[PDB]
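Q: Letter by letter, the chains look like this.
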Amino acid sequence: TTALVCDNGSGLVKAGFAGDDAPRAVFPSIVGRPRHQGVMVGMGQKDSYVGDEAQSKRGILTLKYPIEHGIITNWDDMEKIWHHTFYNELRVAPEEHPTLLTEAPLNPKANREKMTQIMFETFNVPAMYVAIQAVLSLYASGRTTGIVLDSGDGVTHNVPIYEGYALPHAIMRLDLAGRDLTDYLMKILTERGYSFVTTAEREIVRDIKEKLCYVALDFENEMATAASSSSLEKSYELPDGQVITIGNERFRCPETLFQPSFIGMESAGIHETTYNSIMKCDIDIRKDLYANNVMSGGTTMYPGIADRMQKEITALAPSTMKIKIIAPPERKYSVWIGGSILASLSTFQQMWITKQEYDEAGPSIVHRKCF
Amino acid sequence: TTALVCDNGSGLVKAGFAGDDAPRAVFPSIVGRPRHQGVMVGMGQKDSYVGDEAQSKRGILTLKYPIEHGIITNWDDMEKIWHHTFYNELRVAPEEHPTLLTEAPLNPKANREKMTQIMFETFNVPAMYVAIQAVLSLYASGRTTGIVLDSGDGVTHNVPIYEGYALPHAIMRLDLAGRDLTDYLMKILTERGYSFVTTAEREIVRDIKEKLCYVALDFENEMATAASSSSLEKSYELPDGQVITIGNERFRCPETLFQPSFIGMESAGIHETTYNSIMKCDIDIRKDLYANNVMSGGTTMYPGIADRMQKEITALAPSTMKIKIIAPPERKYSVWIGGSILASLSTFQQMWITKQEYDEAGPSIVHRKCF
Amino acid sequence: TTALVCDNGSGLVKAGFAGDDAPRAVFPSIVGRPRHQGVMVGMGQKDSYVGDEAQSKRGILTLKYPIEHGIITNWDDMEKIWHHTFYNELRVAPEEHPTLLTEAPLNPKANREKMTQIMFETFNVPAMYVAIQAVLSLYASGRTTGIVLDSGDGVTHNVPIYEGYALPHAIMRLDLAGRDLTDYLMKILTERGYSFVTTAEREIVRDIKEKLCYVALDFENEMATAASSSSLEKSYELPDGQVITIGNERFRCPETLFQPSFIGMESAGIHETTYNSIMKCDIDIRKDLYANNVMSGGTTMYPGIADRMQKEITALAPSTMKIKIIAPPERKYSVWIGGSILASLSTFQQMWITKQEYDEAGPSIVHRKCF
Amino acid sequence: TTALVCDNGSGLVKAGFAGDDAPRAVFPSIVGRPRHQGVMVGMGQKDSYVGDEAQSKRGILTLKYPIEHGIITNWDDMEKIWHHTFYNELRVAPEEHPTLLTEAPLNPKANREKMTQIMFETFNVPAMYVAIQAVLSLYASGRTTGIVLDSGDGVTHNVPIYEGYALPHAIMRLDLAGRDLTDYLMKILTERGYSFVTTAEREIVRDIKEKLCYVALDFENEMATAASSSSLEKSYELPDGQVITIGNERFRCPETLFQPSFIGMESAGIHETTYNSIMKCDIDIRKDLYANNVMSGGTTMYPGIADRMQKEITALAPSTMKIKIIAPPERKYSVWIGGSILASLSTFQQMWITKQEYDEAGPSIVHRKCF
Amino acid sequence: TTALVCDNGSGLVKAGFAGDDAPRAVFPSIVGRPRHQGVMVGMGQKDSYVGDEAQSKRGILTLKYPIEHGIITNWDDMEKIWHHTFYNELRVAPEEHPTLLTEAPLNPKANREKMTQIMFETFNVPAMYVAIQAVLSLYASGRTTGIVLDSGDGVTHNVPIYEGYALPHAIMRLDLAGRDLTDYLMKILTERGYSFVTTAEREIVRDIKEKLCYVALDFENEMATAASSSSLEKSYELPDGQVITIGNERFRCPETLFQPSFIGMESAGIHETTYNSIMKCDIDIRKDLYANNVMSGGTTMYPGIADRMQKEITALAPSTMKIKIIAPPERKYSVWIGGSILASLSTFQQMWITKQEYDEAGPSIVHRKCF
Amino acid sequence: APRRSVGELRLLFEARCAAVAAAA
Ligand SMILES: Nc1ncnc2c1ncn2[C@@H]1O[C@H](COP(=O)(O)OP(=O)(O)O)[C@@H](O)[C@H]1O
Ligand SMILES: Nc1ncnc2c1ncn2[C@@H]1O[C@H](COP(=O)(O)OP(=O)(O)O)[C@@H](O)[C@H]1O
Ligand SMILES: Nc1ncnc2c1ncn2[C@@H]1O[C@H](COP(=O)(O)OP(=O)(O)O)[C@@H](O)[C@H]1O
Ligand SMILES: Nc1ncnc2c1ncn2[C@@H]1O[C@H](COP(=O)(O)OP(=O)(O)O)[C@@H](O)[C@H]1O
Ligand SMILES: Nc1ncnc2c1ncn2[C@@H]1O[C@H](COP(=O)(O)OP(=O)(O)O)[C@@H](O)[C@H]1O
Ligand SMILES: [Mg+2]
Ligand SMILES: [Mg+2]
Ligand SMILES: [Mg+2]
Ligand SMILES: [Mg+2]
Ligand SMILES: [Mg+2]
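Residue numbers (the deposited numbering), protein chains in the order written: chain A, 5 to 375; chain C, 5 to 375; chain B, 5 to 375; chain D, 5 to 375; chain E, 5 to 375; chain F, 17 to 40.
Hints are supplied without guarantee of correctness; some may be wrong.
[Unchecked claim] Capping the alpha-carbon separation at 25 Å, the derived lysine-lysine pairs in DSS-like fashion look like this:
1. C:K118 to D:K191
2. C:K326 to E:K61
3. A:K326 to C:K61
4. E:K68 to C:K291
5. C:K215 to A:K326
6. C:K328 to C:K359
7. C:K284 to D:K68
8. D:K191 to B:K328
9. B:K284 to C:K68
10. B:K326 to D:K61
[Stated by the list, open to error] Interface residues of chain D toward chain C, partial, derived using beta-carbon atoms under 7 Å:
11. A230
12. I267
13. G268
In case anyone wonders, no lab produced these hints; they're calculated from the structure. Each residue gets a CB set at the ideal place from its N, CA and C atoms; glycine is no exception.
Whenever a hint applies, use it, and build me the whole structure from the sequences.
A: Encoded structure:
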């Protein structure tokens, strides 16, 4: 039976059958529960709403994300998100379809174990696998060698790979991504009095972030330009028709990827952690990593982020190195497309965790077979 | 059928058909095995890489040399190097081509026996021979009389010869060669902080040694000049574009051939062991050995080594003796060129170990026939 | 005037007067600079904090080590560490006290020169010397003959010695030590979700490493025991009272000394590099090196490390050899105690670099006199 | 005052007072000088070690023999060996004790002169004499008639004697002895890969030679037996506990005494030179030389050497001659025992070179008085 | 056809056609066989070198003389020397040329018989004769009356002759000649450490003997002069350019002709045996023998030998006798020149041993016809 | 000094071996 690929990343579920060019179910990884009284009988007023249901009811629900910093914090609601994914969105019975899950690297083994338990005992799936998201992101590009930069909703991670052979000591994970960008955008939009505090408003500032924000090529000069002229200001219309206007916040928000100290995060920026990841690699392969930086994940979609990243690494890396960034279109879906390739690759059909292996070895099997 | 010449010296295999002017396969005698995880399926990820394959993948492989100090330590990998030599590089079935092997003198009889076993029972070759590399080096120089100084990757040896008639008591072998020079170059490059420690980095310092190093004509005055001025410094560019700069290391590295005490080796230098080898010869022939010093092997390629050797032996030898050094171009390939001559010589066709003789006498035959 | 011994190793400064039994100033070689805003005036808010000052303020400072892999990377901060050592901790004016510095072997000559420049021109010290740390480690044991294995915060090195006469070709340095153990412990503590990422958290994982970790005697069976039973688990209390629990990480961390491939380091383990160092020695003295393995440096303090090292070398070394390891108590301070001996030895008072010799010969003098 | 006997042969000094049954100081005639750096102060690290001192420190010293082929090549070190002999071993002031030296025949007159100069002007000895070692070897047997075969470390010589009256034209000296046997044993132990190259290893192969080697009675049949069966193999344990195994090398080593062409020496063997020495004698006395072969010197200690020598001379000599070999126990010390007799013989007290005669006649006196 | 004269004396063959003034082939009577392992192609097909070829390859050959003390010891090699003489040097077919051989007197009849057999059955020569060398030496002088003193390489002999009529009872032969002088020169050159032991070195000491040596006129006073001053020392250059210096050895070597006891030879000297030979002659002819001492053979070429011989015989002979010595130039070739005369004398053509007489009488014929 | 091919070097040892075979 045709395999099934379900990228339970943070923020958005991407799911669909293997061999498809694009995920046929993309929806937010949100569970919403009614916030207010149940005044009006004659309706189901049902206890919980997920995905587009929760977005359609956003302003009466306490929205919550059950996966936080790439870690599933709330298995009771994540199992609802998987139920919704299979039965309501994909409209398929999982007991026929081996499911390629995926997760970020350097992630608690309790997560991979609970995902295994849930897939094999709640959904009875015939087989399962848990690929590293960055390894999947190569397949969607066709590379065998490269730095992968995945930057999601909850986590950002670098995984260097060379003809295969991911270098596990050189992997880095940052815990800085689109949620920290949303919360900092809310904090700086407070500087001119757009008080956003509810999770519905957090979900609107996520849209403001996606629609308006961009990455400055030269942050000091863009900040000076936004200070000297209104040309960089943009107006946006809230769901109630209130217009807001935004200025240097528009690029100060995604700049925090390059300057984490803006959110008080001590870590080196994403350009510096990319360079330091190449510097953890053996000196022979670094030239091909510089020649093959692959960018993936939704927070790499900002206009100019590839140009800024190339400038910053060309300033970091030795002057001869041909720094090149592979940041294609649809790089938001590249992790899913890589899973759609891998799950349909004929060599991969050896690799599944079969349910017989789970009945023999329990959750511990997925540390032995999967990378 | 045309004979086959395969100089399994250390460091580089030189192989090719007899009667050719130059070896048509020259590649490093390296077997490399993947160092890291096997993350990326959909590839052969094959268990082992040899020669230029291993160099092309250098920074993900644990490179190893299966022949060390001219002694084959690792027959399972040496048999891979021979398989690669015959089937992939020369693209020939050895069961049609009698193979002239060669080895250094004063070498364990177990090696010559295991080479015989492998050639006659793995490769089924019609016939085989194991010439001493230094004897071949006279054929490549058209000489019938001389000291030969061969200085390879793993061993250095002196063999005096007079109208034929190698003097076996005057042979000397030093166990000091290009690997000890590479490792000492690594040790002294540590003195200004270029830490090279992996075998990939050892393989880069071999390139630094080949590109930059030279032999000082007057080591004390060259050391004083490098101390007083930067004129002797040269810059080199590592595979990742990091520039390094090198100074007195440039001639301190190959100086250890003349001063083995730099690597803690107790023995007399190569000039002193050359003189002592002539001094083991009968007093009538010494004048023609002085008139016929033949230099061969890659570590004789250093600029100025012939001039330094001539100075040092002219200081050792009696003032009347016309000390002359035959250090031609292509002296790196002279052992193979000598094998190409000998294997194609009309009278040598008596000398092969036939497979009938191996079936009659086992590995012991190659001590009876070969010198 | 009584000499002064200042072991500017990595991670911890050990300093005190010569002839004392123990260093009277031991503090971390850390410089910390305020990370956050300066909100509260009416205080000095001073630009920099060092040592216990920086530990007492850890969670608001960007801690940095100015000496990295035994190499001083940050002279502007190292000169602060020396200033703090002399004026704040030891409370002494260096212009009266000749200072015995020490450094690891196979270390950039620029370091020994800059230390000389700083000591003679910033601190005006009457005289100075730079002993090799492993040579000092013999004096604290009372040996005259032995391999010394020093394993610090930044570097690990082996130095064999026989009645004197250190064998410089047999010295080995590994660049693997307590910082690589701390960072690997952080990487594996991520496997159950204790995300430590700040340098303050790195400094807490250093404490977890010191308190809980131990070296397994039989790593496969200890790993199987930790997999089969919780008996090996230990609980630790973070500075905020969050309890953590640790299991196979407890011995997987220091096991990387014996299996560097866990951190992707290619080199042979510390037992193998100890054996290979003995194997570089002349065959007569090897029996006394086996009989005199001296262990020093803080990362030799792990429980069971002497037993594991003895097992591994007894498996490597010939069956007759009486493998003995001298791993006494206070071996953490043995390098300083050896300096306290040497600096107060009456034979050593010839050996100081006097300031007159520096005025005659500049920084280059310290390569001529010191080993 | 009681005379003093100091057998400065090659390889071992044998010394002691006259009239003693055995030399009370036997130690190797070696001077060793430190090979490596002087890292560890607080010790004398003294410039030179001699005899058992040098053996006890063997693996850090460049050992040298100052007497080579029975010729003193290095008077500055030989004078150290004499100083050690008199003041440290025998613990006696030579200015009270007339010293019987001895040397091989057919030896440069510069040696006998320099020994005279050194004894009379450095050591101020009251009197001196320089007996021929083979003439001394008769006294230890009690013969007056015989052909003495002395075979030392550096030289082997035959001296026929008849009631007195050494026949000086029939003396022969071979320059082949225990050092050539040691070096050939090293060369053939290289045939199975025990690479010995340092002088410390030369000094170990001397021990292997003394412990294991023996002289084959019928070399072709012993060689065939060692080829057909391992029964002749013996195992030996190197100072580091590495076991080596030795086979046909065990008798191929001392066979070179009978077949000098193995080391490229052209001369007739020791049996042939013994026969040719008898053949230089007048035909009447040959029967008593055949009846009185006397063997002496350490290289006559090989098991079976007397049987092989008797077989070979019985094959050379006429069938009627009663070939007899006097090869007693302690024949290693027979030259010293002969000196202990001669120096204490009352007839010999006329023969001393008095210091008055040296003050009258210079070094030339010792050619006039001594034979 | 022109007769052929072939003086197979010892050491040098002199050969040439009769009637020529000088032998056109002079070369050493040496056969040399390779001493060493022939490793190269282009050797060993030729396995025995003769004459000047053996000198040109001296240092790789065991040189041997097949005629020793004027006696042919090695007919298989002497037949090679004759083959070389006829076919390679003189380039002539002996079956056309009657050959005058010659030999010393008082010589085993087996030699003269085997020479006859070889000449008539191997070389098929038409006729042959075997003149006494001393009788030939008269013809080259033109005497009919005289003492002849022939002193060769192997033998010295005196033959008195008077108008014809050699006195066979007064013939004397000494067995002391140039080989005993060479070997004694080697023995005394050992006294200052020029160790010559190989036959190549024996062949060099023959050159030293020819170049430097001379006969002292007054041996005691020449010995005292060489002891008191270096004026008699001469320097000579060995084939490898090593200079040697020689002093009283220069005349002590040929003095052994006058004092055979130096080599232990019992006999009276050559002056005494000359006088005793005259004293065996009838008293009437002694005055003409004293007036006609003829000296011949290479060892009469020493400078001053005629003066010393005249002094010694004038001291032996009665004061009135006019002692005269005919020691002309070319007296080295006088035996051959005498054969060149005799073989071309018309009276001599009766004297040949014809092949018909050999076919009738076998080897015994040469005792009947020849003297 | 100029190069010479393996053919010329072979011709050297062929000529030498012929010379010794004639001398033998
Ligand atoms: N065009 C865009 N511009 C900026 N941010 C975007 C864009 N599209 C998506 N994002 C942000 O990226 C995150 C979703 O990325 P995604 O790759 O779906 O997460 P994951 O890697 O967990 O699957 C969200 O925070 C979203 O706001
Ligand atoms: N141009 C050069 N200059 C200096 N060293 C060289 C050069 N070319 C090769 N080498 C060194 O010589 C060694 C290889 O010599 P080679 O003759 O191939 O070995 P072998 O004698 O075992 O066949 C290596 O150590 C290599 O680094
Ligand atoms: N008891 C202990 N157990 C384990 N590790 C320790 C212990 N004490 C110190 N260490 C570690 O050893 C290192 C400090 O060693 P030290 O000898 O002070 O360094 P250096 O050799 O540079 O002076 C630090 O990484 C520290 O965490
Ligand atoms: N038992 C033995 N078997 C074989 N060789 C021996 C034995 N004892 C001593 N030798 C060798 O004999 C030599 C020493 O002989 P010695 O007589 O002491 O020398 P010298 O004649 O110069 O005094 C050394 O080479 C030593 O190795
Ligand atoms: N000028 C010379 N001075 C001294 N010795 C010589 C001289 N020429 C030849 N001899 C010696 O004489 C010997 C050769 O004499 P020769 O007459 O040729 O021998 P034969 O009498 O057998 O023919 C050799 O030992 C040679 O060294
Ligand atoms: Mg994702
Ligand atoms: Mg080679
Ligand atoms: Mg330390
Ligand atoms: Mg002796
Ligand atoms: Mg003659």
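Q: Taking the numbered hints from earlier one at a time, note which ones the structure violates and give those numbers from smallest to largest.
A: Hints 6, 8, 11 not satisfied by this model.
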